[PDB]
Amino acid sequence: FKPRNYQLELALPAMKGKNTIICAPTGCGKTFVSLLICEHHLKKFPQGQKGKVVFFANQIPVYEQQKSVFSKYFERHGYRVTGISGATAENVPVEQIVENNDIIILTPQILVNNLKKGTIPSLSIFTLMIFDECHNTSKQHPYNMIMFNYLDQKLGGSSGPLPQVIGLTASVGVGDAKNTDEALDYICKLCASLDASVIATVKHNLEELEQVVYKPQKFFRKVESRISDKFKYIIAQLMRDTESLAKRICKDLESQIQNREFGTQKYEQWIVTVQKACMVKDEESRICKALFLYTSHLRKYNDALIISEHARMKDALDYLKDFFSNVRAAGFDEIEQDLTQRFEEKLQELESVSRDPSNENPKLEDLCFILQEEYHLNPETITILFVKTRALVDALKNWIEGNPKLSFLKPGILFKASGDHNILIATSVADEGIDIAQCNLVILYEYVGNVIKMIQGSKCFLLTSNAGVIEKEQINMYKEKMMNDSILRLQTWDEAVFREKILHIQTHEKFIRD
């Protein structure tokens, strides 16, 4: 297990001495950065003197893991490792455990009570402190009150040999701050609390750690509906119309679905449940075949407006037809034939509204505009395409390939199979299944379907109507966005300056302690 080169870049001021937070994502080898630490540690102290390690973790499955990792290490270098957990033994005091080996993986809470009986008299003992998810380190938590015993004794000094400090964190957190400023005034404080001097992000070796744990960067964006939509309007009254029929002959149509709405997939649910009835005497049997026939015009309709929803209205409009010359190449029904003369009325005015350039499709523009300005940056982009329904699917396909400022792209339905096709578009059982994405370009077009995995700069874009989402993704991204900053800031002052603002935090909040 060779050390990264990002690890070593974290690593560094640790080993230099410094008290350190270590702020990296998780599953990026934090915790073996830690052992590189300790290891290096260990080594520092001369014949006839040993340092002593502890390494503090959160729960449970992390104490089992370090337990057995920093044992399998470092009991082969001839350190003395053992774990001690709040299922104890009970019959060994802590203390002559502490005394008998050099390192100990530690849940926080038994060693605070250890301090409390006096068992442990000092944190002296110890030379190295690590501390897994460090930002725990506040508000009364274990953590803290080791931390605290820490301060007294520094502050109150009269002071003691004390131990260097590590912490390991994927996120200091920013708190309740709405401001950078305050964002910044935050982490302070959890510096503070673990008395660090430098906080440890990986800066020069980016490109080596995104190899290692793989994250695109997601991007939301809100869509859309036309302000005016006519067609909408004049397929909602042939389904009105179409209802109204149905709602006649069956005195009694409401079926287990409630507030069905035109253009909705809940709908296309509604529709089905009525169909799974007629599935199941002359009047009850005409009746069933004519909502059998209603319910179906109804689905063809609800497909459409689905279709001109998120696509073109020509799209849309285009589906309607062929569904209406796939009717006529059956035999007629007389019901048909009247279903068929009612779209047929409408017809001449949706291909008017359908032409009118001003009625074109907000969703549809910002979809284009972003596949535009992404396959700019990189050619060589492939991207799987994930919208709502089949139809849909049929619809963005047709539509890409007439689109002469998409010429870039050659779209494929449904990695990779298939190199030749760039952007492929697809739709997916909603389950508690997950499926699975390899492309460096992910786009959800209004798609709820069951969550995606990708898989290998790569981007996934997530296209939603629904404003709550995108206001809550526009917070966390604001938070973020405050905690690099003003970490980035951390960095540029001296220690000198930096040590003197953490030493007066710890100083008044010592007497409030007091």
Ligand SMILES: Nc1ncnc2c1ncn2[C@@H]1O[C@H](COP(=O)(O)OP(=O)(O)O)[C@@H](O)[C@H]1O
Second form
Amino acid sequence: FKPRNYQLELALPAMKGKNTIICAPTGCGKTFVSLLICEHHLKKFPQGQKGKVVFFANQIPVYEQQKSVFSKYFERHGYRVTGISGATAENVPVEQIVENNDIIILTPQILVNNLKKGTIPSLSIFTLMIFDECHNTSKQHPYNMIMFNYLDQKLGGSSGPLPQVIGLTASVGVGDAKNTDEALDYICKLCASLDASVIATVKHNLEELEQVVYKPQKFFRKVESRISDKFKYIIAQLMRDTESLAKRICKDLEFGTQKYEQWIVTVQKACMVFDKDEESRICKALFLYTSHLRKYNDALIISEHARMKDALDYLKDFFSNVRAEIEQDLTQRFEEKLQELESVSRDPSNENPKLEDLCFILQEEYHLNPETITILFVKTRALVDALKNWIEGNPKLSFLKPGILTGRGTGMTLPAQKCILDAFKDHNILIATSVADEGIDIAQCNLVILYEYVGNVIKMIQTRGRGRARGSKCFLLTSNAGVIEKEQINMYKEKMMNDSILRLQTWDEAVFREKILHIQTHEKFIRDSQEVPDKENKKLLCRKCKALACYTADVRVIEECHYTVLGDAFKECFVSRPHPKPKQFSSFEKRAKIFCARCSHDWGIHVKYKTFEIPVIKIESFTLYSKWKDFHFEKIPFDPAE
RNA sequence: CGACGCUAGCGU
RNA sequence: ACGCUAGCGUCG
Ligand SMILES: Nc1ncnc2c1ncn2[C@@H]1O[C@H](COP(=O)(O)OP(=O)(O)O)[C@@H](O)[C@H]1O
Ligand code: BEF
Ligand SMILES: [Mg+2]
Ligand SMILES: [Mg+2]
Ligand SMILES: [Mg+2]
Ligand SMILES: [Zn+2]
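Structure of the form solved in complex with the ligand, given the form deposited without the ligand:
Next comes the full complex, this chain leading.
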């Protein structure tokens, strides 16, 4: 690769030693920029001094790719390149691995753990730190944690040769800024977080850049929601019935929208605090009652954004997971109206006008350009399958050869994700979710459809990375009309972003270097200023059947994070099944998923820790607590001796 | 099992 | 400003 002139331009500040945030559009080759930087940095040292670079990537695919490029590139120059990720994290001398390698590709969460564990004494070991997607440096994110460590050693009395810090991104973001001054403040905060005295962008070479990356034309499609109440009418009855069945027990109480969802979750929270014998029958009934009631609320939301068939099949798939006592009654109410709902799904006149417009868009582009590659973004993983079936089930769309991309959680694994991206060069169109955010550098697309897709200014600028080619088009399809305005804001926010950067770049240096020091200092003492056990024995009950699980005295903590149970008393209370994720995370190894032996509620997982094979539980499956952090009791460290 | 980010809704 | 709920994604 012959370096483009603007790649040198973006590299210039970093090569002169300044801490720099490099802001350039996706696909412009920011990767090769960090190579030029990194190469220049190592060759600046005299014999008897060696530089040590750490490249950060917060996604495994990006991690593996960088380690590949860097290794192939820098092997010739006599620099040893290595990497450490979650799989290679455990049972290795991290300190010596860092010591014996000149360039090190890393996940940030690993450097955080090694700093906290003390295995890595200080960042002074590194002469250079490169943050990829540096806009993630903020809040509690791992990137920011690494910099908190960096900032304390700076502002503290502790003296060390702190590393040069570089960062990379297509956008810094304006945050919540309503204007230039607020936007300029947010960017200044980020610069301080990364200790950057310079924001680098293409200026002199702009004409070259725009012949590489092109800004795809954006279109706003405002449609209308279906007026037909036929489908939601019957289900509104079913939900109205389940409301009575629940009200037929507790007798006390305090819509297919999001507001209604938070209620049913609150109802369940209210039913779990409710003789102890009939109590289990009551709680289990309410749990099963609200569960179906909550999944009926889902079938509504789906019917709005997709076919009625997709919602009916979502229930048809649900009730299949129900079977294999009070469930037989509720499925009876469904089976009763099912015959009627089967016909409503078959009626073409009731078709979603939001889909018809999406169909129309797809017909035009492929009629114009049959070689079109498309990415269709959606919100929920459920809606991913709903549209998959819709395309293959549409005679008009027959030219489409759809494929799916999702995250891990129904979950799609990494090799499953990669398997789709390779066929996307067989696959005509890719239905997906936010996984595409920050980019995997997948196949180029001349068409990008945003289906009820809300996001920030950063994701917006990133998603263009699919449309680098001239003539690429992007559509936004929503019936809400609030989604339109939300995107409009982001467009204005990008303007504020680029205006503020130009305005910041005019400032004399050493004045700005002074301001970031003033931003760092204020942020430090507030960060240091933000910082009672209960020895009583409490009983942990299963949130579903309220059966006895174990006592707080039994529970031990593993490495300050994970909670387990001691004794064979617990072993009679649960069952287990192998879950198809035999991957080792951290010190553990995932083997099977735990279930209630009474019920079948998910308690936690059964793993392998060192020599011992021991279960691990989550409190949110057992007053109620969402996490163990919120649960205050005497924490007994797990002792190998017992 | 845990941590973290984004979006929407809600509350001091 | 934080907190809570859900969706979505990522990492250990
Ligand atoms: N000077 C260059 N000449 C030709 N291709 C380049 C050059 N620099 C980068 N690329 C190509 O850009 C592609 C992706 O760019 P990338 O490094 O991911 O930039 P960004 O991080 O901004 O998205 C790479 O596959 C690479 O082949
Ligand atoms: F590197 Be790109 F901006 F995702
Ligand atoms: Mg990149
Ligand atoms: Mg090694
Ligand atoms: Mg992230
Ligand atoms: Zn149970």
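Numbering follows the first chain given and starts at 1. For the two forms, the rigid core is made up of the largest set of C-alpha atoms that agree within 1.5 Å on superposition.
- request: Please name the single residue among 403, 85, 119, 124 whose Cα shifts by at least 2 Å between these two forms after core superposition.
  value: Per the superposition, the moving residue is 403.
- prompt: Does residue 216 count as moved between these two forms, where moved means a C-alpha shift of 2 angstroms or more after fitting the rigid core?
  reply: The answer is yes; the displacement is at least 2 Å.
message: For residue 195, does the CA position differ by 2 Å or more between these two forms when the superposition is done on the rigid core?
response: It does not, since the residue 195 C-alpha is displaced less than 2 Å between these two forms after the core fit.
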